[PDB]
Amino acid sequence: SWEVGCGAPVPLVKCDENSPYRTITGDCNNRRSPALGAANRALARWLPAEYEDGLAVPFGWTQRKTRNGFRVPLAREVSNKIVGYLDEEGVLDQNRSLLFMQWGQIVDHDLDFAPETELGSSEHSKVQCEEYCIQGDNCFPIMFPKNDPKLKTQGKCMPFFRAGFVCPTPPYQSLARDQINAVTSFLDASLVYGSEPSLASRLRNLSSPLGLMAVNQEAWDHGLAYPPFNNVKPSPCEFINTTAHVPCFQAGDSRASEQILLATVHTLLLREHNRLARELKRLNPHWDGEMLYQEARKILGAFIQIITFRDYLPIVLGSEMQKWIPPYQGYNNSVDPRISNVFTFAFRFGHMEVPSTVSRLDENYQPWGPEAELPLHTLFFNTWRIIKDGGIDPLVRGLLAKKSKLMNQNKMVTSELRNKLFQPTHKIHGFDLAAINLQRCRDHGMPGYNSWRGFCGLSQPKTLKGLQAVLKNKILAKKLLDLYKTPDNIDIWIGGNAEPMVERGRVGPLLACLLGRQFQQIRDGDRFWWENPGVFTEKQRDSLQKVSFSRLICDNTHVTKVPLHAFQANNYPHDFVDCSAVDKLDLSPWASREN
């Protein structure tokens, strides 16, 4: 590094070296370096940051500053020319359920968050950014190109605030700026429990010694729990329907209500903790609240790791799974567990897997009611459609029986995200997630497409003809090179996602390498990885081996018809069985005769 020891929140970290449980922060996982993978630290840099000043200024900031002798294109122009499409017909993934998309977003939220600069206080600064489109300090607005329809309806820009960074802010260091990871790098259910002590405590039911998570007191789903409401104002979930007045959920991760299927899977996970905490209390009436909370927590962390490494990563990485994530050979304390800055963009492949609609299905997997299918844009920050329109069950059936979107070089990101995104504090369904992704690549100082190709041992196309061959597409390579005059300048998010998918996978060679390395490291560099000797007993592991998403549904909803392989495209009733035919988590090996 340029100057080490610039980590302000490094201290106040006590390591009980015999504790059988993870910290909330992720401190004390690595014994020799105890901050490694802990929250509220710098994202790791796999390659030096690239900024137009070599330190923090993002490419695209200064009109008269080139990248490699060319102007970088406007993020929104890249979005309009390359990313957008009109026809949703034929865009669905014939072999991935909608759950495939949704598990991706859940795993992402466990691993990484780079919060926008902390400028919540009411200020003319928001006005200078949103109203006047003035680029300065944290405001780095997404300017509309000529002939952008949004010019006619929304003004000259979309507001965009720079990501927060480590080390004091105005006293910025002379090392290049590093954005923060606000959650734990470990795959540890931090999205359920939180990554900070305050929130972890607020989420818990301390009113009784049962090791329960707090549940909603104002609303229930046929006797099953909802998460508590976030009772701080203003609330974006209230803002999208001021008649319903249904706030956002409060969970371990601040983004839990961003869309209704994310809030859905959070509700399943919360329910599973309290189900585990109740069953643990029955098997061990002696155990106190703290031990019931910790033991349920450790079980839920192991469930998330198994679904992710056994069911999810193999059908993302396809042929490349074995090359980057070979069979576990145990905990390696030399491995860096930190999430990389580049991974936070590589894992944004899910955005091209989001389809244009969400469905509510009844017990026969037929349309639930007469508004059963809803445009996705109406479901950002939407809790009221869960609380007041049928609970979780209909949305869970949609997750099983509907398909993910397939990424397509011609049809990359649905207009529901590309033109109609709602951002809290922006009060309009008018934002562009693709343009935001590209602006954020530049904000975070990302090296370009060919730097990452090099990193991954892959060819670095220099010509139109070279880029055609790597993308296997003539027209997409021409459109990219018309905006970015050299492949060296292509932003990693659009470059990575433009590559044709590997055999049996859903990402191309570059993303398979960036994702594969990151997931290898979070497994190998985790002292509390479930399969690491000593973390669980052998008998605990033979039990954990039989977890499944279908089982999580069976145990936490009144859905009684599930598929055996919940990530593949499943149709009702042919691919569906009764819950009785799905393996159970045998909790008999957590029976502690402790006398």
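Positions refer to the first chain, counted from 1. Whichever C-alpha set is largest while still superposing within 1.5 Å between the two forms counts as the rigid core. What changes on going to the form deposited in another entry:
Rigid core superposed between these two forms, residues 122, 242, 201, 231 considered: the one with a C-alpha shift of 2 Å or more is 122. After superposition on the rigid core, the Cα of residue 459 moves by less than 2 Å between these two forms. Core-aligned CA deviation for residue 285 between these two forms: less than 2 Å. With the core superposed, residue 85 shows a C-alpha displacement below 2 Å between these two forms.
And the form deposited in another entry, for comparison with the form deposited in one PDB entry?
Just this one chain is shown here; partners and other molecules are left out.
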């Protein structure tokens, strides 16, 4: 409206047009508009941003500024009164493995990352934010309510820094603030390879023409690879236990070591690249470093898209899968592939799927050692428990044999995340992911629950009695309206997650609509979609159709007993078969005959 196109981060890219490979940045995917879907650009706005000043000031900033004539509730008070629970008994999903949760976070990390304004390296008003809880500029502290236990142990607030935005830092007053997506909008293994040139090259082994990703030179896993350490200090993975001095992993995505099961699936994905490369080199000995890397990178990209679109999305979206992600009818270069700002909140439905513990299992799928089961809060920024406690295999069997948390209207987010979250720089296991989510919704200028209901063609309840019938829950509706006063003011993260789940799904109608739309767009708007004619030969696709997470495990660990359907709740031994019974990835169609 104001500027036709704002852009002062980086301008310079020529598009190869004849390349059979993606760029690292996601530039040049869309031939007409080559910036579309590329990293370090604004998140898309499906609806106009909603700030108290119309431009940048979040709702909740100014004590005397209402939203529609009512004060917005403190994020931590919504967390305390709606999101928390004590009893972990009976909270588990009887039909989703823990891998279902974990694949969600992997997928999320491929698609979106809104970094905190890291501009300010002098910036020691961290102290002003952390120690003194003074709201100002990029410091937007989560203030504790009266009656919060954390007030007795942790001071007045949790520190919270506003997200980075385009055009960029110390802003103007022209059109509304847009937060940055720092990774590629394409489902493209950017979490393995990186979304920028510096990092992508750092991760590569350029010491041999084999197109390998670099691997740890200090630790191994029964001959099997770990990712390189991040050697930059301070290291949060070091902070959590000095004695071990085990740093964080270096992977394509900065968040890889945030929890031990994310690091685990990252390690599996890195292993797969090197596995693929080796079999491609064995198959095509001529192929130089670059062709090996790119052909393996391109295979890993397709694996992620198939597991996500064939196995994962149908058991998230349930009855809504067909209404939003119909069967694929080819690349449409008019679709916007960019991740939307709202999607980055809709996809945090995952937060309610995280259980309170993580288990290491032995070969008989029984407890591994005397501390087999660990509280999740001890596993934030934890790589030492991988290297110095049995490696990947015990944690992968836990992923198969243990269950996700089920979303529950009276048991939303485990206290492991809601009271004990560790944030790098902030020293304590004392943060609230639910409160952060709600504060972030306001930071990003999110429209409220009823704007999104209207967007999705759903009823917009105006009364307690109206909200009760949509939530199918009188008490939850009462607690939300006591805090928010009007359903128009409910933050999209809590409103979306409050809805009962669609038949055969794990999200309610509103999230199904938002996630459905976004996943439709990243498939239909991707020139390198695995099923787009010319990306892969017909034979290559017939082979790719047979990938599975079970096969990924079989090839990249010493786990020989796996389930056929790894996202279902599977119990050992009834639901487990030998790896020999699990279809393989036939790489024979990648045979290149130069004569």
